[PDB]
Every structure is written in C-alpha cells, then in structure tokens.
Amino acid sequence: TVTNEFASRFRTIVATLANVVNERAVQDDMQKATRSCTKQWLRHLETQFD
Amino acid sequence: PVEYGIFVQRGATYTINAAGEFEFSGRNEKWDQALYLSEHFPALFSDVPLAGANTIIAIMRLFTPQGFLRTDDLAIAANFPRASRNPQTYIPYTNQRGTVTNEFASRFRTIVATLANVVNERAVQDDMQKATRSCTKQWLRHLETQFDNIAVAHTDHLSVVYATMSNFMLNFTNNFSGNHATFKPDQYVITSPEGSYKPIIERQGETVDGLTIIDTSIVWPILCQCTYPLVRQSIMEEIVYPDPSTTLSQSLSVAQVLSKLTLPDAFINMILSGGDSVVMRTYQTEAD
Amino acid sequence: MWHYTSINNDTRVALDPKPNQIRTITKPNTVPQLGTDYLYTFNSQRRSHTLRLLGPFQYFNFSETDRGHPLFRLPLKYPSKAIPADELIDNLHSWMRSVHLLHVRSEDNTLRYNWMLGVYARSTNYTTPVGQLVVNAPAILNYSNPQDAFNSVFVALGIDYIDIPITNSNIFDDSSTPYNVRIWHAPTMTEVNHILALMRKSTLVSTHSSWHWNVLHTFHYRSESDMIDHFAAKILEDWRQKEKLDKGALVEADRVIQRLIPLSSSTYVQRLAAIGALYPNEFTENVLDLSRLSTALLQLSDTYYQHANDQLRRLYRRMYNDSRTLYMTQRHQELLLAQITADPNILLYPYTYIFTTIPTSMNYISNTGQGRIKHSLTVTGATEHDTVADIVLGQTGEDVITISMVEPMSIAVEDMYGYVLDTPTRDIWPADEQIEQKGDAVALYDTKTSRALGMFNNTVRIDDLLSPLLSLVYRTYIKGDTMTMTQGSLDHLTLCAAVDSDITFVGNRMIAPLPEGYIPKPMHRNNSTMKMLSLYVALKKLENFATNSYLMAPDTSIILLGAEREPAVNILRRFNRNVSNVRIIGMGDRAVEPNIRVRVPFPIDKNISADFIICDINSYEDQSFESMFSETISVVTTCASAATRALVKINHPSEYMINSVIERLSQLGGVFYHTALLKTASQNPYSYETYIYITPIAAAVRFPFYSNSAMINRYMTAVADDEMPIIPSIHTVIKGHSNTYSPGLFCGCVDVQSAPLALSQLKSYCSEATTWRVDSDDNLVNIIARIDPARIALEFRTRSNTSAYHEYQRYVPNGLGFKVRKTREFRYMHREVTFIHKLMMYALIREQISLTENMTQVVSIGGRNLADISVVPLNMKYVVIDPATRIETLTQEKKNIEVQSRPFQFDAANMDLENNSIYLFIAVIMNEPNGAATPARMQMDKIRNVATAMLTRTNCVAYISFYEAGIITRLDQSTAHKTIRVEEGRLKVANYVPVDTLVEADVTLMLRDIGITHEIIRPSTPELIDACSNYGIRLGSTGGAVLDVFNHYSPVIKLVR
Amino acid sequence: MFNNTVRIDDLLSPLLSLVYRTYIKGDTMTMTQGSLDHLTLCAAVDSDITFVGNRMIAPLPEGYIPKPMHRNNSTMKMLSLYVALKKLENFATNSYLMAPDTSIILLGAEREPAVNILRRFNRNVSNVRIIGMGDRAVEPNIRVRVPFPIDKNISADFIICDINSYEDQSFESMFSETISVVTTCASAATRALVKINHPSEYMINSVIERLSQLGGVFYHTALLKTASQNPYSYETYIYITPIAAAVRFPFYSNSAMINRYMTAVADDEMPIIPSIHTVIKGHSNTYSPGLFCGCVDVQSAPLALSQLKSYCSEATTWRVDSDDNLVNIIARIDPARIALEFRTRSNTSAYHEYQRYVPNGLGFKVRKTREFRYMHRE
Amino acid sequence: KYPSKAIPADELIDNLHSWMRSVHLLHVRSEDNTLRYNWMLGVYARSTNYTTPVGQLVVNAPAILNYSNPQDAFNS
Ligand SMILES: Nc1nc2c(ncn2[C@@H]2O[C@H](COP(=O)(O)OP(=O)(O)OP(=O)(O)O)[C@@H](O)[C@H]2O)c(=O)[nH]1
Ligand SMILES: Nc1nc2c(ncn2[C@@H]2O[C@H](COP(=O)(O)OP(=O)(O)OP(=O)(O)O)[C@@H](O)[C@H]2O)c(=O)[nH]1
Ligand SMILES: Nc1ncnc2c1ncn2[C@@H]1O[C@H](COP(=O)(O)OP(=O)(O)OP(=O)(O)O)[C@@H](O)[C@H]1O
Ligand SMILES: C[S@@+](CC[C@H](N)C(=O)[O-])C[C@H]1O[C@@H](n2cnc3c(N)ncnc32)[C@H](O)[C@@H]1O
Ligand SMILES: C[S@@+](CC[C@H](N)C(=O)[O-])C[C@H]1O[C@@H](n2cnc3c(N)ncnc32)[C@H](O)[C@@H]1O
Ligand SMILES: C[S@@+](CC[C@H](N)C(=O)[O-])C[C@H]1O[C@@H](n2cnc3c(N)ncnc32)[C@H](O)[C@@H]1O
Ligand SMILES: [Mg+2]
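Residue numbers (the authors' numbering), protein chains in the order written: chain B, 643 to 692; chain B', 545 to 777, 786 to 840; chain A, 1 to 1057; chain A', 455 to 832; chain A'', 77 to 152. A prime marks a further copy of an entry chain.
By construction, these hints were calculated from the structure, which means they are not laboratory data. Incorrect hints may have been included.
Stated by the list, open to error - Mimicking DMTMM-like on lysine to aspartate or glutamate, the simulated pairs with C-alpha atoms at most 20 angstroms apart in a straight line are:
{"no.": "1", "chain 1": "A", "residue 1": "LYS521", "chain 2": "A", "residue 2": "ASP464"}
{"no.": "2", "chain 1": "A", "residue 1": "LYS27", "chain 2": "A'", "residue 2": "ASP775"}
{"no.": "3", "chain 1": "A'", "residue 1": "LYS606", "chain 2": "A", "residue 2": "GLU832"}
{"no.": "4", "chain 1": "B'", "residue 1": "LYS574", "chain 2": "B", "residue 2": "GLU665"}
{"no.": "5", "chain 1": "A'", "residue 1": "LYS819", "chain 2": "A", "residue 2": "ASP37"}
{"no.": "6", "chain 1": "A", "residue 1": "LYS894", "chain 2": "A", "residue 2": "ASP386"}
{"no.": "7", "chain 1": "A", "residue 1": "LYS822", "chain 2": "A'", "residue 2": "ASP775"}
As the list claims (entries may be wrong) - Some chain B residues judged to face chain B' by a derived CB distance under 7 angstroms, without partners named:
{"no.": "8", "residue": "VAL644"}
{"no.": "9", "residue": "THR658"}
{"no.": "10", "residue": "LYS681"}
Stated by the list, open to error - Short derived list, chain A' residues pointing at chain A, Cβ under 8 angstroms:
{"no.": "11", "residue": "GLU593"}
{"no.": "12", "residue": "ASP605"}
{"no.": "13", "residue": "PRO789"}
Ideal placement from N, C-alpha and C gives every residue a C-beta, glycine not left out.
Make the full structure from the sequences, and use the hints.
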C-alpha cells in the first residue's frame, strides 16, 4: 500500500491534538510564534511516524 | 487531503481506450518507469476535470508545455532518416521577436501567482508567521524577475538551436507531441518469426554512463546562475553560428558504419530466409 | 420529396466583420450582456464552470497575457458554486477592454476583416511571421474575395502553409488542444489535389469535404484518440443534418457533407469514416447511445463489418477499403453540383464515390431518457413457438427493485371518515330460527374463523394503509404550507389527528402560523385511532345527516368506552377546544389518564351518562362462548342504557348475537330502540368486526331483527379453510407455456438481447409487464410482471404458443425502459371495489361451474373483452355475444373462442338456448347495448324472457346478475361511497349511467310463477379471499367499508334446467 | 418543404418560454383555474402549480428554479385538441378542467409530454384518468397496439388519437389500418378525435360508411383543424360523436380540409429557394424571389434606393455608426412591384429625393438586426 | 465541531458527498444476469486498504467478488 493505515491514524490523532492545543493556545493568549512552532513539531512527529 | 482522496479514488493511472475514452485504474499505486512503455499513463497529467479535485487539476495545468510543433523540414529536404511518416519536433518555446512583453515569461508569471495562492493557503492553514510568508512571496517574485531576464535568451536563442538540432540526420525519432495527456513514443521492434523480438526502446538498465538519470535540479542554475549571450545585452558577445561540417561529418561516419556493420549477417539471413520449414504429412487420396 | 432543398453558405466568412466594425467589436463602451455577448453556466453536479463568448469572439485565441487576467482566475476562486453574475460581468468587461485587434478601416464596402489571422497574431503577440506581417501591414487582413485573404499572406511570407491552433469553445478550460488546423496555399483545384495526395503520405491527418474561405485546410491530430473524438462529433453533425435534409426541410447547412475525411488514420478512424458515410438507420431510431458516441459508433461498424445484409456488408467493406474517397448519396451530390454551379471556382474534395443507399424495413422502437415501459402483452401474435427454452431471470439487488408487502392507499382525507349502514329486515324471530342460528354461531365461534382471512386482516392493517397520508398532513403543517379550512371540517379533524400540538384559528377558515423554532411532534396513533375518529364522525352524521361541522354541541358529552392510551380522546378533546363545556372521556378496564379506569358493566354506585358513546370493548382472553355472549350482551345493555346514541362494537357479529341484542333491547322497559349495523372506512379492510348503532325512538320498530344481513354474511360465511393460505411467490424462471405458476409475480433481469424472448413467454401468464434498464451502460433489463389468472384462463385453453416476439424485438436495446431511481413493487396492488366484486363473483360462478357435469359450452352474453374468461374451464368452448367486443379471428381460432359480436335479443321466441350450456348474464341485463339505462320493468321482463326461453331446455344454467333495491335504502343513509352513488333513486356504480334496481321479492315471486328452478346466490368471504390471493390484490379501506353492503345487493340468480 | 421548415414548435417557442421566464421571476400572478392561460402555464413549466386561493398562483419556494417543460412538436397540438373536445362537449365553457369521475386517452403516445401537462393541469380535480397508449409508449403511458387486444378493456369519455405509421406501406394496408383505428377510437369513447394522415374524400367517406356499418348507433361527425398544428400540414382530425338522430348529409364532397390535401400533387418544378441578392441591376427583371441585402457607400445609397424601387416595394436601411460610411440595406422583393414597374421600359424614380437623405438621413442602429426569409402576414 | 447543536444540513450534505466521492470499490462488471457483488468482502478489503489476504485476493482478482450461487462467493 502506498499509504500506511497505522500512520494515517496517527495523522488524524495529531490533527485532533492540533485543534486541542490550538484552543488552549488562544485561550491563554500565547504568541503566534510559539503556537505555530507547536504545530510544526507536531507535523514533524507525523513524518517521523510514517 | 480531501481532493487527493477524490483524485486517487479514480486511479493513479489511466489507459486510452481504442474508442479514445480514458479508463482510470481505480487503484492507488506507485508509478514505475517500466510503465512508461506500457499502456498506462500517470493520471495527474490526464487533464480530465474531476469534481471536488479541481485544485489538483488546476495545479496540474501549470505543467503544460509552452512550445510548438515544428516540422523537421530541412531534414526532409536532405532526405535524412526519420522513423515517422511526418517528422516533427516539439520546440519548447517560440521566438519572441520585437515584443515588449515575453509570453514565455508571462506564463511563468501566472504560474507563480497560482503558486502564491497555494502556498498562501498552506501558510495560513499552518498558522506560520507573517514574516516567513511574505519572504516566500518575495522569493517567488524574484524568480519571476530572473525568469524574464533569461526568458529572452531561451526563447529567442535556445529555440533556434533546438530548431536546427531537430533537422540533424541522426535525430530520427519524433520527440514529443506537446500533449502530456496522450503522448507515448511509437514503439518499434525488430521482430522475427523464428525468434524473440527486440524492442528498440526498452528499459534495459544500460545507463549509457549515467545519461538516463535526470537531475531536474538542473533548472536552478539555468534560472539563477548562468549567463547567455543575449542575456548579456551593455557588452555584446556576438552570436556563434557553428560550422555544420563538424556534426554532419560525425553523423555521416556513424551512418556509414552502422550501414555496412550488419552486412554479413544480412547476406546469410537473406540466403537462409526461405530455409525454415514445417513438418507435413501427405495422405494419398487415390490409388497409384 | 426526394430532392434536397438547402442554402449552403460560408457561415464562417459571414462571421468575419467589416474592418470598420473591428474598432467597436469589443463594445468597449458597454458591459457584456448575458445570452448575447456571453453564455455562462455552472453545472453543479460536475462542479464545472463554462463561459462561452458569442459573436466573432466564439473564435478567439488567447495570449498568455490574456490568460493571466483575473477573469480566468475565477473558476478556481469559486470551486463549488456559480460565479456571481456581477464578478463575471465585471471581469469579462475589463478583459474585453483589454483586447484590441489590429486593423486598417477603409471605405470599400466589399471589404471584410480576417478575424482568424488577426486574433491569432494578437494571441502570439505578433511574434510569428503572420504576426509580423500583421503588425507591419494590418491592411493585409482586409479582403474582398475570401480566398485571397490568405493567398496574400502566403505569397508575402513565402510559406506553403500556416499552422493555426484551434480554440476551445469554453474559454475557461486551458487544456491542451486535441489537434490543429493547417492552412494551405492552394488557389487552384490542382494544387489542392496535390496537397491531398501528399497528405495521404503522412500520419494522423483529415479534412472536410469542402473548406471555408474556399481555402484548403487540414486537421492534424496529436494522437489517435483525438482524431477519433473529432471524427465522431462530426459524424453526429452530418447525421443530424442529413436526418433533416431527408425530411425535405430547407436547411442553412454551412456545408453539404459535414463529416471528416481521413487522409491518413488508423483502423478505427477508418471504421468511423465508413459507418459515418453509410448513414445507418440505427441512428434515426436512436438505437445507439450518444453518452459514449464513438464507442457505439465503433460497435455499429462491427455489426456492419459482418452484417446479415449482403449489400450493407459489402458497402461498408468497400467504404472501409477506400477511406480517402468521400462516399455520398446522389441527393447530396446534386447539392454539391448546385454549389459548384453558383460558385464555379469553389473547391471541394475531388475523390468521391456516389452510392445508392440500401433501404431497411426494421423500425426499431427506442427512447433514451427516464421512464420504464409498461407493456401490455398480447395473448397471441404472428410468431410461432416450439419448445422454448426456460428463461432464467437474474437476482435483483435492492438497489434496483424493492418488494414491499402492501400498497399504501392514496386517497382524499374525507374518504377516511365514511361509513356504511345495514338496516334490519325481519319483523319476527322464530324459536327454531334461534336454535339454528345459535348452533351456527357456536360452531363458528368454537372453531376459529378462516386462517386466510386472518392473514389478510393482520397483513393489511389500516394504520399503515393511512400512514403516508396522515404524515403528509403533518409534513405540510410543519412547513406552514397548510392554511385554510373550516372549523368543523373533516380536514380539520385530520389535522388534529396528525399533530400533537393544539391548533387554533386566527380567524374564520385560517389556522394560526407556527411560533418560530417550534416543530411539534406528530400525534401518536394506534391502529384503532382513525377508526374511533370515524365512528365519532358517524355519530355526528347520525344525529343529523346534513351537517358539515363535526364539532360537538356545547353542553354535551361523549364516551369512548373501550380505552387504553386512547389517543382519539386526546385528538377529539383538542378538536373541540373552541367549544364551551364538553366532556370527552375514555373508560377502559386498562384505561390510563385522562381516561378513567373502570370495568363494564359500571359499578352500581358510579354514575355514568353521555349524549354519545363509542364502545370498542374486546376481551383479549380466550373464553367460553357463553361468557363472551353474556359479556357482549351486558356491554350493549350498559352502552344503550347510558346514552341516547350508543355505537357498540360487536366482535363476533353472528345473526344470533345481533338478534339477541335486539331482543335484549326489546326486554328493557318502556323504551323502543331503533338500531342499525355499521362499518366505517377507517376499519381494517378485512375485519368482520361490526358496530351496532343503538338509538331510542318513540315508535316501535317494524322489522327489527336481522336475517341474511351483509355485515353478518361477512363473518358467518367465513369458516376454517381446508387449505393453507396462498403466500405470494416471486417467480424467477419463465418456463415456456407451462401453467404451473402459483399466484405472485415474475421479477428479475435478462440480457437485453434475451428480453424480447422473455416478454414473448410471460405473455402466457402476466397480462402486462413493466420493464427498464438501469442505465445506458448496463445491458441487463429488469422486468416485473404480476401474474393474471385471467390471462392464464385465456392462454391455456389450447397448446398453441403464439406471441408478438417479432414486435418485442423492435425494442432492443433502447426501446424497453430507463430508470436510475429504485422502483418499489407491492405484493398486493390496489384495485377499485367494483373490480374486486367482479373477481369475487367470478370465483363464485367458476367454483359453481366446475361442479357441473357434461356441459358443452359457456355462453357469456355481454362478455365485453373476455372479462368472464376466468370463469370458464380450459376444456369447454367459450362464446361471447357483446356487440362491443373486438374481433380477432386468429386469436379466436387459436384459442377456441367464438364471438357473435351482435346485440343479444331478449325476446323468448327469437332466442335460441343450446342444451348443455352455461349462460352468463353478469351485469348485462341492467344496461342496453348502447349503454343507456334500461328501466327496471324492462329488466324484470328480460329476466322473465330468459326464464321462459330455457323452460324447453333439458340441461342449461343461467346466471343473471342484477341490483337489489334495498341498497338504495342503505346508501342514502351511508357516507362511504366514493365509487357507488344514488342519483335520483338509481345506482350509479363506477362511470356507468345511473340504473334502476329490481326488488328481490318480486323477482323470486316471478320465478316461482314461471316454475323454473332458481337459487339466489351471492359471493361470500372465501370468494373474496380467493380473489385477493389469486390476483395479488389488497382490498383497501373504502372498499372494506362498502364491499359488504355492495356485494350483498348484487344477487346472482341461478336458473337451472 | 414548407411544412418541414415552418414547424409549429419553433413558431410558438418564443411565447411558451416567455411564460416560463415570467413565472421564474415571479412576475406572473392572477389567472382563473380552468383558464387557457393556466394551461399554457402548465405547458411552460415542469413543476406542479397550485393556487393559494381564487385567481392566484402560489409564489415560488426560495432558491427554486424549476426546469421548463419539455415539449415535442405535437405537444401544443395535443393540448389544443383536448381544448377542442372541451369546447365540443359544450361551447359556452370557460373552465377547461375535466369533470370529476371522467377519463381521457391520448391514443398515440411516446413520451407524450401532453399527458403529463394535462395530468398536472387537472391536479385539483378529484378522480380523473389521463393516459397515453402508443405502440412506442413509455410510462406513465401504457404501451399497446391498436386495435386493442381482445382481452384488455379500454374505455374513456374522450380520446385523442394521433396514430401515424412511420413505415412506408401499401395503400390498402394504410387504409385498413386507419379504418380500424377510427373504429376502435369510436367504439371506445363518446367523443373521439381521430387523426387522418391522408384525408382524401375516399378515406373520410369510408370512415363515415364504416361508422354507418356499426350496429345501433348513429355517429355525428365533423372535420377539424387546431391552430397548434403545423401551418402547412394537411393532416386533419375527424371528430366522432354519437347522437340519437340519424345524421342527414353525413358524407363529404369538396370539403375544405380535404381540398387542402387533394389539390396538392407532385409539382413539375423544384421548390423556389429564397435567394439573397447582392447586385442591384438597373431595371432588369431577372430576380428570383428572395431579398436584396448588403451595404453601399452612403454617397451611392440614393442611387441604390433609386434602382431597387423596381423590385422591392419597401426597403429598410441604416448606418451602423456615425463614423462608418457604409449604409446597410435590406429589401424584400415584391412580385406586385415587379408586375407594376416592368409594364414599360421607362425607369423613373425619386432619386432627387433620396439624395436628400445623405448622409444622416438614412438610418442609425448599433444593435444587430434580424431579418427573416419568411415574414408573417395576416 | 458542533458539540451542542445539530450539524447544519448544508455541511452534512457537502461532507457526506465529498466522502462519497472518496469511495471506490473494486469490481469487474460483467454481462451475466445471475451475478451479484460480494459487498462485504469488497468494503472490507477497501477498509483494510487491501493489506489482508482477502484484500490482496481482491486487489489482484476483483472478479472473485462476483458470484451466482451466494455461498460459493466465499468458498472461492
Ligand atoms: N483560431 C481560430 N480558429 C478558427 C477560426 N475560425 C475557424 N476556426 C477553426 O478552423 C476549423 C475549421 O473550420 P470549420 O470549417 O468551420 O470546421 P468545423 O469543425 O465545422 O467548425 P465548427 O463550426 O465549430 O463545427 C474549426 O475547427 C475551427 O475551430 C478562427 O477565427 N480562429
Ligand atoms: N462488515 C460487514 N459486516 C456485515 C455485512 N453484512 C452483514 N454483516 C454483519 O454480519 C453479521 C451477521 O449478519 P446477519 O445474519 O444479518 O446478523 P444480524 O445481527 O441479524 O444483522 P442485523 O440485520 O443488523 O440485525 C451482522 O452482525 C452484521 O453486522 C457487511 O456487508 N459488511
Ligand atoms: N469494424 C470493422 N471494420 C472493418 N474491418 C474490421 C472491423 N473489425 C475488424 N476488422 C478487421 O479485422 C482486423 C482486426 O481484428 P479483430 O476484429 O479480431 O480485432 P479488433 O481490431 O479489436 O476489432 P474488433 O473490435 O471487431 O474485435 C482488422 O485488421 C480489420 O481489417
Ligand atoms: C381492542 S382495545 C381498544 C381500546 C381503545 N380503542 C384503544 O386502543 O385505545 C379494548 C380494550 O378494552 C378493555 N376491555 C375488555 N373488556 C372490557 C370490559 N368488559 N370492561 C371494560 N373494559 C374492557 C381491554 O382491556 C382492551 O384493552
Ligand atoms: C358491464 S359490461 C360487462 C360486465 C361483466 N364484467 C361481464 O363481462 O359480463 C356489460 C356489457 O354487455 C353488453 N350488453 C349490454 N346489453 C346487451 C345486450 N342486450 N345484448 C348483448 N350485449 C349487451 C354491453 O356492451 C356492455 O359492455
Ligand atoms: C406521430 S407519433 C405521435 C405520438 C404522440 N403525439 C407523441 O409524440 O408523444 C404516433 C405514434 O404512434 C405509434 N403508432 C403508429 N401506429 C400505431 C398503431 N397502429 N397502434 C398503436 N400505436 C401506433 C407510432 O409508433 C408513433 O410513434
Ligand atoms: Mg463548423
């Protein structure tokens, strides 16, 4: 398979955590920079995971 | 991802039907170059619109050729060998004489505007800083400028080189139709009734000292670190117009070798050409 | 009308503007207008935007600079929805302002402007040699003679040709073009011939039979597939054009032979060229599918390549082997001659054969587009059959065909509240009659009623029968679509039965609009709900017949004596919300609040009284007949004592139970109770449960007891069956002329080639058969066909197996249905009550006829379209004497059926009745042959004549159906008769003219006076069950109400000798 | 050529669409239930219509733009035949809705859009059968041959036959087929409206004789022609009804509808195709019927009008713009003007007046003009 | 996305549709009228993205899903 289901599941998981950490980030009025940095680390974990 | 799923549900590849309709596989497979001579084509380049996958199609439009199909006229007049019944070469860009604006460059302009919209949407979706985002846009418009500055040298100079190289004697095959959607090279083979055939075009894994691998990254020096005699305006290099003989003679030599090279095989196989035979029984239908 | 009439013209030249119009051709001053300057459209299913410029701009190459404009960015900007018209117009306009073609305006009136070369030059931004020539000498675009316009650029540039890219019509798509148009410098016919010859030495090129601007042009294709799609589209264009020319209509064809000529192409394009030139009949019939045109075209060639016709095969072959030649009909060729006459130097393609077209007689039926065909299969046909193979039908998915149990009953709302009456007839109740009827009722109770009747009663529930309608009133009210209705109106009561929320009028005839955000739940209803409502309506119609308002009077009360949740009490309480002071309460032994929970007879302390009562008491417990009897008696007694208008249920309405009820009411001191049996349309259609209606009147009631009452016959005639109920099968194998099939229906699919055979075989069983393909791509044809007993009773009289197979094969492939939507068939289709009564009478007469020995024939006078054929056994001969019957001498000779086709004469001396014959007079005596009503004295007269005429006969059996007078007494008092009527004292069943009715007493008295044997029989419950089980019919509600009182008053006299 | 060129469908199309375009915008409002305007509305839109009250159609639901009703060439004709039967059952009627508990049959059928339109027009009337019944019939219409199969029972208060065999055939078979079709059409209904594809005196009279042959009923009859028929068609609709009286003078002789067909016969000549002339010769009389159409320098315009007076009775002209000197000119050729002007060789004209027009005195129109090869006349 | 309230019908429809466009079961259409399609095994194979042996069998031989006699569809 071109796509790996075990990895795609981790993909959706990470999208969910992105929404969650996003809401917590905006609730605590933290800087845009750190917020996008969290998202970047998350998508990196996504890649490593595949 | 969504447009992707809609695209790839249709199939990663397609085959043109004898009736001319496309037939997508419905499968998501990695392409191999073994497929290049197969009936299949990559589906990104089908140019068949698909509902809900419009972004992928529109981005795939940007790969469209900006050239034209020149018939190889001097090569016909010279009676040079040509595998096609109507020889032709796809010359990647038109000469842009006398125009304030260069169409080859303006196309790259619209392409870059599209990529700007795309990288913009991806940038805002990933909540990245405004600074880096505008920096991406800045690099893009820089590529735009570099592209104009050399577009003159490609369209008005490289193009005449392609146009003459198309007529050279040994350049016998048609190279490209200008349609990524449907093009496949004509596939000749040297068949024999009493043997296995040899395709001329084959993925035989001879690399010809690395000639077959393609470093696309080569475009970067072209756009960004090369001078051209036209690009240089204001100093004036004065264009070179190379003597025909040096290639012509080479062609002749090759054509002269490979001509007689097969002669002894050709002569014997001519003799024994009628010599293959089938066992046959002859039943007798009447007395004496 | 052989010769074509046409006005050929270079339309493309006419499209090119005068040089002076070029400056304003963009109309810089004004916004482009939809339908004149442009044609935008958004296909939401395809999500594809499509803009298409009109006028000269329909031919317009775009510079990459032009493609960089935001207008073309628009479709990406709106992926899923139409571009708003404002943005479309503003971008289209600013882009129109962007364009400026080079031109030199001049005063010569003969001049034109070479639009193609100018827009091309502009599109290349004047870099091509043509663009140079134009940027330096714009005047070269102006031209008088159209051809010279190009010769001028050919000489000046020195080139032999110019390769112009084609335009896509939809300016939005930027896709690479399939091909392109080379333009050749060939002023003379000779230069043209040479270019064509050389063109036939090179790959993938084609050309038209003639060219615009009289200048030779060739299409060069980027691949085989592009060439195929092009040739196909052109073949469609030429075929449509020729299809119009052959109709003799004048045409403004821009060119006589619209289709392309290969000069060099592959096999497949040569095949397209060949069937294209043939002009096959199959196109005109729409036998081909245009959804994938070229494919079908290729397939068509495949047939012609091996065609059954020799002429068409050899013609197609010959065309295939000379693709370069342009085959054309003589009638085209004369048009080519007229063209060459009007313009002596016109160029047209020189290599051309003139064939005479081959006629073909096969008129295929066809129709692409949604709609299943509802075939009516003929019993017989020109085709003969011998030992036809069994035709298997495929399994069908539920994606295509669903098989629901019972057809839901579409109906008007008022029709739900109708009821029928049955007044008492007997003046006395003799004790021997009491013992007989008691023995009957006891024997009938102890052994349960018919299992088949139980199956139908429990399958055809009234609740599901009404459900689609009651919900629909809820769905409309929820959307606010409902508006006007009267306060006491039945539509209002239906509305109260449809929604749980209280309704209120804002004024006369106007319900209040729903409060915002409010969507009240539908009213919850059990099976007896609508029935209880309809019984309330019945009491309202009994207190006075003329009333339109159904609201209870102020200061009055009602009781629904049988109760549980009793939703009807809530609905009724809400329906009367605007009436002051009204008790409305249920009162069951299982009653939940609002209803009081209490046993009946009421406790001696408690005081219960009302102006109305609607009992629905029914003990679930199995019990002794004596206890059931005493309980029902006490229930009627308390129901009558408590109210002036009781409406008691009678779960087991034997003559004995009802008469015991009348005797018991007789026993009560000092009051005389008028009574009448009743049946509402909201009852389950098959239930034998009946509602007695008790009221007091000052007069003693003459004829108070019942004997042979209709409602009673519905129950008493039903008895335990010898056999298991006939479960409706779905058949899947169509055997050839087999006669083994149990009632049910054929359902499945076949390859469309085999479809004509299938319809050919199922004509033996089913009278009619719906069929359809699911899609143009899927070859299977689905077929559904209910089995008709009448068709079996006709078709199986003889062993011959003729059919219209030859006609049914005219359907393949497009001629037998298309429907993407899933279809829903029912195992029990609706039929009007009169039809059911017909089938019942047929079951009665047929069962009666099978018993008789040694009868040579059945003579059905007035038999119409062999309606009585089900009755006659397959062995004996059948005869019809209805003037209205159509003659089919082949069907008659093949199926053993004489048809007199003359008005039967009722005079006795003229009449000639054969011995050993069964004479049917089913509903024929009541009408004249012309359809005018015959007065009743004339009907009794003709019955008397049929009676006297058969007195001489040794063995003969008449069956004279007629209408008894008593029904008019009963229908005058009833409401549930949507079909049957009473216009001025005469019955008016169905669409038939009103007709006066005979009295049974005088008829039987007359037959006793004649002395002939006679027996007045009527069809009973088992006949109903046989009719429904065999024909696959569910009765329906209005039918359930009216059928008992209707069936009992269509007596069938059975004269016997 | 004329019958196949002047189709009624295209003739009505701008009007039927216009009713659709107004209804789509909600501009339409008031009309009576049985009214002809209502029937035209049902013929214009596929969606079911419903009045909110007397003389008032319901407003469109938001976002709803129903497709125009699909109509073939015979659609409006079938509607008009239905209207004809409605006017024949009683002349004074204004409502055209079928009576409750009555039926109609459109005996010739395919898709038969008219059955759908009629079924939707009568949606508010209780209990009404409306069915087509062709040999090519698609559902709703039952597919069946005529004469009807001896088993099947078919009857109605009205019938509108439109049977027409596409197949070329012997005259005897065409005759027997049309006879059987009229016979079954008359037997099945009290008000048949049978088509007669070839209405010779012989066919119609054979039909009258055949109805005479049927036992016990006397059939009053009348030939008929609706305005929704193609203007040039010789096809005629016989109207069969029964009456108690014998019909005095029942046969036809030299009837108008019959003359429309019988007088037509194969022409010696090819049909006269309408030319567009572009050269105005001086007093020549060679011009085939058609029309002059083109343009001239405005200086030459007075001369042109001076010459075409010989042929055309009247001639529209205009410049396209103040800047462009060419004047366009269109002029249909009048045979009457030729028959007048060519009586003598003199070639007088009001050239002196026409030169008072140059340059501003002979038209201005930016908008494109649309001339027809076949202009309307009363 | 909508914890406390109904999903608006437009979003429900558009997402359900784009997801419907997303699905494509493997099959080999054939002219036999007796044939059916083994919906269970096909949707299962697709759901496992054809990694299970059944998904392999289906990705290589889609025709195996077609069947006349229902039982044989699995025996195969
Ligand atoms: N670029 C360009 N192409 C043109 C123009 N006019 C005609 N053509 C192309 O020239 C080809 C030959 O012209 P036609 O004889 O009208 O061929 P055609 O296929 O019948 O054209 P259609 O009217 O679209 O059916 C067509 O395919 C056109 O696309 C023009 O003004 N500009
Ligand atoms: N994944 C998948 N499971 C299925 C399919 N068809 C049936 N099943 C499952 O197989 C089990 C056995 O099938 P059934 O005999 O219909 O059992 P059931 O419990 O009566 O199924 P219900 O109709 O939901 O009541 C059921 O629990 C279903 O969930 C299918 O096509 N795909
Ligand atoms: N429709 C046709 N018209 C003319 N020749 C045909 C046609 N079909 C097949 N042939 C002849 O047969 C050869 C092709 O063989 P064959 O029909 O087995 O395969 P094909 O090309 O795919 O055609 P098909 O689709 O009919 O099978 C061609 O060389 C051709 O000459
Ligand atoms: C057939 S149900 C119909 C009741 C009501 N129409 C309803 O469903 O809402 C009749 C009910 O009456 C009750 N019942 C039976 N015999 C009774 C009796 N003798 N006195 C009072 N109630 C009785 C039963 O419990 C039964 O539930
Ligand atoms: C109600 S229909 C058929 C009823 C029933 N289904 C049957 O087949 O017997 C009665 C038919 O009998 C025919 N008829 C009426 N009077 C007749 C008469 N006096 N002689 C012969 N036929 C008659 C009429 O044409 C009418 O169509
Ligand atoms: C001229 S068309 C008009 C039909 C209808 N007005 C329509 O277009 O929807 C007449 C149709 O009747 C059918 N037809 C011809 N002869 C018939 C016959 N003898 N019996 C039944 N139908 C016939 C033909 O197939 C033809 O399509
Ligand atoms: Mg064209």
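Holds or violated: A'/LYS606 and A/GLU832, Cα atoms, limit 20 angstroms. At roughly 17 angstroms apart (the allowed maximum being 20 angstroms), A/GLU832 and A'/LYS606 satisfy the hint.
Would you mind confirming whether the straight-line C-alpha gap from A/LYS27 to A'/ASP775 stays at or under 20 angstroms? Holds, at about 12 angstroms.
Does A'/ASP775 lie within 20 angstroms of A/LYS822 when you go C-alpha to C-alpha? This hinted pair is violated, its Cα atoms lying about 61 angstroms apart.
So if I understand the rule, the pair passes when the alpha-carbon distance is 20 angstroms or less; does A/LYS894 with A/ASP386 pass? Given pair A/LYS894, A/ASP386 holds - Cα atoms ~15 angstroms apart, limit 20 angstroms.
Would the hint on A'/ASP605 stand, with a C-beta cut-off of 8 angstroms toward chain A? Because about 5 angstroms separates A'/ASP605 from the closest Cβ in chain A, which is inside the 8 angstroms limit, the hint holds.
Assess, step by step, whether the Cα of A'/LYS819 is no farther than 20 angstroms from the Cα of A/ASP37, and give holds or violated. holds, 17 angstroms
Hinted contact B/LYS681 with chain B' - closest CB pair below 7 angstroms: holds, 6 angstroms
Against chain B', run the beta carbon of B/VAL644 and see if the smallest gap drops under 7 angstroms. With a minimum Cβ separation of about 5 angstroms from chain B' (threshold 7 angstroms), the hint on B/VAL644 holds.
When the nearest CB of chain A is found for A'/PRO789, is that gap smaller than 8 angstroms? Violated. Min distance 20 angstroms.
Is it true that the CA of A/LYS521 sits at most 20 angstroms from the CA of A/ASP464? holds, 18 angstroms
Would you mind confirming whether the straight-line C-alpha gap from B'/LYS574 to B/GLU665 stays at or under 20 angstroms? violated, 38 angstroms
A closest beta-carbon separation below 8 angstroms is what the hint needs, so does A'/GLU593 meet it against chain A? holds, 5 angstroms
Checked against the numbered hints above, the structure breaks hints 4, 7, 9 and 13 and satisfies the rest.
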